[PDB]
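Before any questions on how it binds or moves, here is one chain, the form deposited without the named molecule, in structure tokens.
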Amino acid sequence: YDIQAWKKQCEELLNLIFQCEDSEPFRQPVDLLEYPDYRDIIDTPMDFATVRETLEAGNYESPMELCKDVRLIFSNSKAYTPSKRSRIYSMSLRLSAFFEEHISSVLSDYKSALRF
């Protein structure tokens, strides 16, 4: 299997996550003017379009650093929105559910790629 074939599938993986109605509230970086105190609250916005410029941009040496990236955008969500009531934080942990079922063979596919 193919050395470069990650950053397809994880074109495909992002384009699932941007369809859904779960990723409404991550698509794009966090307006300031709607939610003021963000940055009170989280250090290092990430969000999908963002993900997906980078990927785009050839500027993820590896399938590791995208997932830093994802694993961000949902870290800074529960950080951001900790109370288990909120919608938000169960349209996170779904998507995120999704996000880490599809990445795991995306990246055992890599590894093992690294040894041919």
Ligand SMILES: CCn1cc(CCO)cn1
Given for the second form:
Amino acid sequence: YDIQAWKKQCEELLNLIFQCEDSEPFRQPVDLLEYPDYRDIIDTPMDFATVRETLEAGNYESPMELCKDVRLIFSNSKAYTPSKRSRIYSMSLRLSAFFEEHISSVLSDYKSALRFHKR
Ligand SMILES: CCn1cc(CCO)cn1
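Other form of same protein, the form solved in complex with the named molecule, not the form deposited without the named molecule:
Expanding to the full complex; the earlier chain stays at the top.
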């Protein structure tokens, strides 16, 4: 029933993602000195510190908006990878599976609570 519970649930999921070794390439914006052509391929950079900062600033209205930004981290890694077997892309696939497994109930509970609110 709680329309606000998604926020702390997302904060706790972000804490687990930060503890995950697979999140290391995605914890801060991609370094353009390391990947000089990054912005030639990627239009909208995104990383987990920016997602956490947006959430803590009160700049997400719903967990769907947070989920769109986290999915953008993974789609950027898929678009920038030179190979489907690269180390960083392989880490992104595992982290994506972990994130999707945990965000599903957060989205479901929020949408259910909102439908109840508008009944
Ligand atoms: C640094 C962000 N990033 C790197 C890749 C592939 C490197 O093999 C995808 N995203």
